[PDB]
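Shown next as structure tokens: one chain only, the form deposited without this ligand.
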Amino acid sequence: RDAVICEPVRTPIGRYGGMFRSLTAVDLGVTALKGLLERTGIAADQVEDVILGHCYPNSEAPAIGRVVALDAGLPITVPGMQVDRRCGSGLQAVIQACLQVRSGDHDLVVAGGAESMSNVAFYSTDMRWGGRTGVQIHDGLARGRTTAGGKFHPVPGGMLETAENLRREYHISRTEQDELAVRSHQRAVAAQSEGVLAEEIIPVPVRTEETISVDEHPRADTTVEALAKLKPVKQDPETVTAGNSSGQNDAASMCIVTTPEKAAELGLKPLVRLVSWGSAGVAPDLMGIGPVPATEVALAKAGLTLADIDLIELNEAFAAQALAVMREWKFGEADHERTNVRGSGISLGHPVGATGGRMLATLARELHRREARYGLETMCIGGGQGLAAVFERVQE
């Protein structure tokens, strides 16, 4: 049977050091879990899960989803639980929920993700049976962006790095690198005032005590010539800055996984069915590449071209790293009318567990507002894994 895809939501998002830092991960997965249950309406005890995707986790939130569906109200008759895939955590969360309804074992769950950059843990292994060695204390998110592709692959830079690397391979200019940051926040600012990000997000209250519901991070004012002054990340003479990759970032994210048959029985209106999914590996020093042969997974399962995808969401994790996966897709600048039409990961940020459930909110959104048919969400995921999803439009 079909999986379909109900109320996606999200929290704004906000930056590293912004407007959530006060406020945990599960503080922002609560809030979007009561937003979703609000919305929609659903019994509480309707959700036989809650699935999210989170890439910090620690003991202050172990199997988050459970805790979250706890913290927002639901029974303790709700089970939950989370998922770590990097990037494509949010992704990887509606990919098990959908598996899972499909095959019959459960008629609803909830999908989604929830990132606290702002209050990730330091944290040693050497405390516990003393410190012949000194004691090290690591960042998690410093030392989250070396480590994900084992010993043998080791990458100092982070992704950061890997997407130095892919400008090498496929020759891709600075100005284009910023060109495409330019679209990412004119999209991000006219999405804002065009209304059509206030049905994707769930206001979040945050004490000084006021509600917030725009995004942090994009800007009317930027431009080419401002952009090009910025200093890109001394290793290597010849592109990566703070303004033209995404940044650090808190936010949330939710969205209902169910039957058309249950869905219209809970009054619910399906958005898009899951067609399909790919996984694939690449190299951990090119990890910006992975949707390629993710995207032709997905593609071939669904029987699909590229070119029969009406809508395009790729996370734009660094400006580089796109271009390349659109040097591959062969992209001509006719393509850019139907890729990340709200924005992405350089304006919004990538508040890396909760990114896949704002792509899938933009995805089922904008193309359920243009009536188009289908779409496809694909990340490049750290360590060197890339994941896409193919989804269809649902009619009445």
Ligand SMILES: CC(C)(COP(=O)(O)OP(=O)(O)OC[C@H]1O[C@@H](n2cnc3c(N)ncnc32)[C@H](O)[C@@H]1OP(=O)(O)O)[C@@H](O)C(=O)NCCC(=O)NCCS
Second form
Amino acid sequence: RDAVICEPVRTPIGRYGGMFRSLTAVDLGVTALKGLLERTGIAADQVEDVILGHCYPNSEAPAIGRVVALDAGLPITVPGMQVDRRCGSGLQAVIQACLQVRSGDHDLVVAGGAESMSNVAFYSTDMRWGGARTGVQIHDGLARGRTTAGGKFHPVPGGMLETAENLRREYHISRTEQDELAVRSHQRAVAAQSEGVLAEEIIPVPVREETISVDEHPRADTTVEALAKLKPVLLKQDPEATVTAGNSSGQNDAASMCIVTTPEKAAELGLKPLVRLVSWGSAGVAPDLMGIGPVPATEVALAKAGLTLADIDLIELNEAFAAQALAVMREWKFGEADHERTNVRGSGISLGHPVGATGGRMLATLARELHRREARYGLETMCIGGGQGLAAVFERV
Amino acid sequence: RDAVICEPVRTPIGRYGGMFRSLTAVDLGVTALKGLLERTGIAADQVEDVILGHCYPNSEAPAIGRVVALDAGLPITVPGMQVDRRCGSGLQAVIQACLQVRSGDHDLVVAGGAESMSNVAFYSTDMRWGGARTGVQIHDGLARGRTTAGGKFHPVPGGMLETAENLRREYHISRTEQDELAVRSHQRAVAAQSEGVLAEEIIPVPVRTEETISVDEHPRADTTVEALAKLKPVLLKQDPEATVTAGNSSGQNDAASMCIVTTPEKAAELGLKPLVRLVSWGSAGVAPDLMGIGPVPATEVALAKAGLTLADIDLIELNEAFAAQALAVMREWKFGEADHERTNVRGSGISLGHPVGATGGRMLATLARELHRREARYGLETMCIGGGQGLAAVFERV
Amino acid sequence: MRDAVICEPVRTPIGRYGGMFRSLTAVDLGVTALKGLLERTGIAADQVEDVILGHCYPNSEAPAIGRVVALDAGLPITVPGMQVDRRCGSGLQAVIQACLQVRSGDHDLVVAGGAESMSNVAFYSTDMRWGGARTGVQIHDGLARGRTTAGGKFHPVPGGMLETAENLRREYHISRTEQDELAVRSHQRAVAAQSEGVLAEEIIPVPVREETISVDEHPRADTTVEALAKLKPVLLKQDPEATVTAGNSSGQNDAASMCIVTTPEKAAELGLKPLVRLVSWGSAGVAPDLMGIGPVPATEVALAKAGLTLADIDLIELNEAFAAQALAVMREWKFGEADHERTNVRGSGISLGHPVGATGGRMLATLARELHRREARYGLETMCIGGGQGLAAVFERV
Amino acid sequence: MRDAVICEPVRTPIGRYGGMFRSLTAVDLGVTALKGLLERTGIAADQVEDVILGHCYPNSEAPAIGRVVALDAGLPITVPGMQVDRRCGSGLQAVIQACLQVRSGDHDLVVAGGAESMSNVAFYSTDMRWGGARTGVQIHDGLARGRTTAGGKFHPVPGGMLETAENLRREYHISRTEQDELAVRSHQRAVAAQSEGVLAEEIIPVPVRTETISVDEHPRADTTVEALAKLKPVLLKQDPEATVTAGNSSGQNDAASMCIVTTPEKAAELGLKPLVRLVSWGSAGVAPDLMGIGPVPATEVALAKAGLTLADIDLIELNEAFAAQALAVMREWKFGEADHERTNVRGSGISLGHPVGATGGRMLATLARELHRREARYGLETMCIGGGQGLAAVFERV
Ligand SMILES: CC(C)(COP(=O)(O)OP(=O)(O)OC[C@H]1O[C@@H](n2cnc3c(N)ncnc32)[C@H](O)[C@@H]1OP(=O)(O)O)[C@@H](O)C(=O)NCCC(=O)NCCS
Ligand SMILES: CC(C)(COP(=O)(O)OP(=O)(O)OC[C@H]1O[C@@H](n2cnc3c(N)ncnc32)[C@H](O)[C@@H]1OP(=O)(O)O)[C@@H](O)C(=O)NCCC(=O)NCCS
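Okay, that was the form deposited without this ligand. Show me the form deposited with this ligand bound next.
Then the entire complex follows, led off by the chain already shown.
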């Protein structure tokens, strides 16, 4: 049977240390989930699982989907869990939810994600048995995880930015090419804001009191010349570095939720199914070239769906970094026109990259922009730390 | 198409701060995975995904399945990921493996779990912005996580054990019977050791001294009801009628479980020996203060979908999180004495240990291998889940 | 048996907690005050026989910090130095120590001083060397933690210093209005002293990267009784009648203090101009939860030693650890509204701040300088001390 | 003015770092030693007027530690106390301070001592107060970190005090054997003193949980040049010609020392037996990288003040932080093999350990008591000081 996506929503995306620095991952997740049940008006015991992507879990919220479920007031009968495939986690939680709906096990599930990167822990694996001999280390959960993701034989000291410079260097991507993508990314998001199509995805959030409904990172005044004045983060290590804060996705706080269900049950509950899952694909690449993950994964998803990238009307590619994104679009042999059907309400550079919540944000816009365009096929894909890719093909209902 | 389970193996299980204490969660999973491929002889490019249950992740190993894959020397073409549903995470990882294999998306994946409770980090949410005004609290991941799993509206200061006491209380469960179970638990494990059946199950783990360890660290031959009665209930100081001790509780432990999830065709094509196939599974939400009873609704869901009853099930694995917890489920299953002879035949949580993430894969290793050994048909694996859940799968022999 | 006289007592400005000197260390600040003291006086660095520094939150960044400040300020390697701790009374303790060492003949000229960077005081743990497996791990704020442990296992004070302030508030029936009035008056005197130009006489301007700072950051031109009334007591939750706030407490701050201690003969030999001499000093112990009354017996000891009474005393620096604390002390002294006219005349801990190690030398700089402008005779410096102590000293104008 | 005599100088046994007193804090040790001293002297607790303790790794578990040891030992709340640090000379410094303020007529009886738990020195961070997102967060071992900071930023020494020992080995052309011979001799005197029952008057035995300990952990009767010859010089990777090993180095250790400082009259009135009086003392600064030669200029200062020469000293205590270091001092002292028999007759830093803050009162224990046992006249106590200082006292038999 088919699994359709209904009402994919998200909180606004906050900056790192910004408007949402007060709220936990659970706080953001609860808000998106209650917001979701509010719009759909569906009984809480219609929900058979809350599966969330969450890339920096800690014991503040074990098996977070169940915690977000209980903290949103859902009955104790609603199960929940946590998944982590880095950047892809949110799509992973949607694909899993589709698998257990299409298989007949479940009729309705919540698939989503929650990340508060402002509150990702520092931690130590040296404090339990003694730091006498070894010394004690305390790691920044964000930084550390970005050098360790490829395992001990595959380290990347400079993390995700080092990988983005790897691609820049491999693919001869100019610094101007990267700042150009960055500015245009901001335009789309600012345009989408003013057009009012973002109120359709966004579950506003109350903070200690004010209620925020706009995203924190997109800037109206962003320009190419302005971006030119920024320092490439790894410029010391690399005279030919290009990747800066301006052409990189930021760190951010958000949550994302959607209903995954069947057409019959959606009809029964008065829901409006936007898209259905067609195919998906997962790929592994070299950790130091992670950014090219979207190419082998997209291949597999398209192949499964018997389509070509030519058959795809709309694309969500996350853009962890301009350089990375440009490397994927180069493989895809893209023209200027293709740019007009890719990330048309923004991307990670302009909207931010609240990692576990990013998969569900691309889904919100992809699903929604498809119905308003009355287009047919949609592709969602993302590079993944440690060297993976993930792509799903969605079809409008 | 079916999803079948091949060569499910595990490490030995070390105690907390014990023999595998210098070994990380990745170390243990790499050993287990490397052992799986060595026995099965499959080319490493045949693996399409490594899905691991892993309950105290940190940035020493993000999306851990991927890291285990790489550190085992698997092609960088092999994806992997990490799942958390507390105790039920090793089976969760299996079920997910079955779903994406039965769906036709994949022909072969690895499902397992990995836990080093010995090396679970200490963490703080106060260092990023500074403790100038608030101070800096550092939490024990193990200790903190027993409080939080039910959220802010369903508080449990004493965690899973406090809920194990609640079951003793609501179910009228005596310490004697609790300790009688633990005793039974050790000599089924200790039996199963001398009978040499753990041999098929276990990937011997080499440690620098260099020795190879191949026997589980917690089982004890000299366990008796009398010796256990001497044990102080952990929550005695708050509770007069308290019964739950270290002796009828599962410990904190270090291990990894690995398993091949594929189709009957692919396994024939690779010379594999499928043991069980997935018949059904179920998940259930219960009260966070009474988590222990989670297997009961979950099992009925799994049984319902299968078209079976608990009579149809010949072999049972229940993780014995606590004796009281386990007895309460068996009391709900209206269990008798002969029912015990089909339940937990190589030991369980109290004797073998409970390395949370790897537990669903130990139970699977036993269920599948013992079903085959006895030429029994149906097996049931089920487990209570911190926070108040239950998961259960029904497996059928091939 | 010679006299001990004090020459050119100076200090840095006093920065706010997390304020204008946050990127500077206890040593940086001490190096500035010392270089300024040598630069004004012109004393040859190899005339300095010891650099004795009161310093309340030492760590291994700067061991025996008087030595480190001496070295980092460019003094020869022949100049010895050390660190002393008696909490708030450390800066005075270091002067009293210098006086003893000079009156005896062992030395002729030393530097006595203090240095605190509360902005940069460490967080620490005594659980991580051998592990928190069995105990758990704490990370302690050296500020907050030191304030509850100061009185030992038999006299713990969970609410720290603020708690002791409240205790003095209750015992002496001290109103919020009163404490807020003292504080307002404290800022007034500081802000005026500043406007009148007298504070620049004490101050060594500090280079901070790039500018030069020469003005105390903590005082406020705009303090009112009405503004103060708005503030919520730190301990209001614990105690409905709590009165101690941010506004009527001393601040946590960054500064350093230094002065020459030498003999009359020696000052004369180098053509230095002594400001005051040590008449007497006393120290005393009180209940740790009543430390704040420490100055009362310490003063009585110092007076009796000196054959004086508080009526012989033209000027008083009594550190305002807390308005509730300063008011209690004066109550034991039975103070007039007129008596405030001779007490803390350019401000104190509440308005200028309380860089704990350095505060003793701040009070001395004021006291000694202001004894000359009024052409008074006797001055008293005294301080309550966490853990329940007091220190007092009588200085006489030369 | 009046004289100052040292009564009943005692210590705890000295424990190895991570050794027998690992479980005890510096306060635990300071209390043990202070109670010992109080019970042995029968003095009334309210007769102590100040507890001045050398303490070289203070943290907020025990602020102004003299007062915490005072209160936790059961002294009245009326007894003041403090902490001093001049690194390795810290415990002598406390004696000298106590002396100054008895001779001044200020106090009639104070306690001077030192206390170190190097087993439990804290881990600390300057990176947790204002946040670590842009810098990261580091946490330092207080011991390891102190190895490089004592000399400030203009006189770096990467390998700390050990490197310093190598520098004195290099410049004085001191052989590995000569070094190791001293170590052996250090150990024989230690063990010999145990057998002769002479230590039983220095030592206050220390109860530890699950028994009473009375004997130092580090001496070993079996020490030989041969055994020592096998050890690898700590810094051989950098220096092909290194000599300094764990065997001819002084160690990291745990102990407290206490003694009484009073007048001759007060002693008599209280039944005390005055052992010695402090003739004079001297301090000095030397180049940080030539740290261990500190005792050479400080001894000459102290001897000069006393009107004595090094010939006039019957007993020398020299803390031997390293063999190479001690020997360089002895060389400058023009020692002959006969001079070795009046120097450190019960062991030294190498055989008993170097519990930094308590070393001073250990040397003082042995020096006072061996001057009475030998019917001699003048003792010299001197030690080098990390950071590049020297400190010495000359005492006289009463
Ligand atoms: C983007 C990132 C590099 C930023 O790091 P950062 O140093 O915190 O950067 P900031 O946002 O503080 O920006 C630095 C400055 O650039 C400024 N800036 C941004 N756009 C600008 C423009 N057009 N002109 C001028 N300045 C600009 C910011 O305002 C900021 O200004 P300030 O320093 O004056 O306040 C980092 O957040 C990041 O990308 N990491 C997460 C993503 C990642 O590593 N990988 C995950 C994907 S796999
Ligand atoms: C009292 C104490 C807890 C203050 O906490 P803090 O929040 O870090 O200090 P702050 O400077 O931020 O003051 C807090 C608030 O009170 C306000 N405030 C302080 N003094 C004020 C005054 N005279 N008038 C009006 N408002 C004032 C501040 O503006 C601030 O408000 P804000 O948050 O809106 O900016 C801390 O300074 C303390 O412990 N002091 C005692 C130090 C001590 O024990 N010394 C040893 C003596 S034994």
